Amino acid sequence: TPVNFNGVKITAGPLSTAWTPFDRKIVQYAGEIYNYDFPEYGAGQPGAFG
Amino acid sequence: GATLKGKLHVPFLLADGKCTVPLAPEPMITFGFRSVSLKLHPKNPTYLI
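If you read the protein sequences in the order shown, they are chains E and B.
Each residue of the first sequence is one higher than the one before, counting from 152 in the entry's author numbering.
Each residue of the second sequence is one higher than the one before, counting from 248 in the entry's author numbering.
In case anyone wonders, no lab produced these hints; they're calculated from the structure.
Just so it is clear, CB atoms sit at the ideal spot from N, CA and C, and this is done for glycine as well.
Among these hints, one or two may not hold up.
[Claimed, not checked] Cβ-Cβ distance ranges computed for the label pairs, FRET-style:
1) E:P153 to B:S284: 32 to 40 Å
2) E:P172 to B:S284: 32 to 40 Å
3) E:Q179 to B:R281: 37 to 45 Å
[As the list claims (entries may be wrong)] Listing some non-contacts, in silico: residues in chain E with all C-beta distances to chain B over 12 Å:
4) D174
5) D188
6) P190
Looking at chain E on its own, in the form it has when it is part of the complex:
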């Protein structure tokens, strides 16, 4: 995706590092994010998240 102003084209190429703080699966609560390996749907166990 480019951008064009007043003749000049600017293109932000891919980042040199694809790191992301969020793991594969996360939890949102009270406006805050959590790296939590929650059980998939239907596999939740008693006494824990899900």
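Dock chain B against the given chain E, drawing on the hints supplied.
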């Protein structure tokens, strides 16, 4: 002088009976070779013996 004039009984003594006591939510048990791993979720401070 001598003042002991009689005896009089004390009521509401300890007596035997049945009292309702709670049951903690059953353990979740998993098995392994010569091993038993039980997960416990107390509702109140509960003894494991």
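Supplied distance hint 32 to 40 Å, evaluated on CB atoms of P172 (chain E) and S284 (chain B)
33 Å, holds
Separation of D188 (chain E) from chain B, once the least beta-carbon distance is taken, above 12 Å:
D188 (chain E) is indeed farther than 12 Å from all Cβ atoms of chain B, at 17 Å.
Do the beta carbons of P153 (chain E) and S284 (chain B) sit within 32 to 40 Å of each other?
58 Å, violated
For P190 (chain E), is the shortest CB-to-CB distance to chain B above 12 Å, so the non-interface label stands?
Since the minimum Cβ distance to chain B is about 14 Å, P190 (chain E) lies beyond 12 Å and the statement holds.
Given a hint of 37 to 45 Å, does the C-beta separation of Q179 (chain E) and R281 (chain B) actually sit inside it?
Holds - the Cβ-Cβ distance for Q179 (chain E) and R281 (chain B), about 43 Å, lies within 37 to 45 Å.
Looking at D174 (chain E) again, its CB stays over 12 Å from all of chain B?
24 Å, holds
In the structure shown, a violation is registered for the earlier hint numbered 1 alone.
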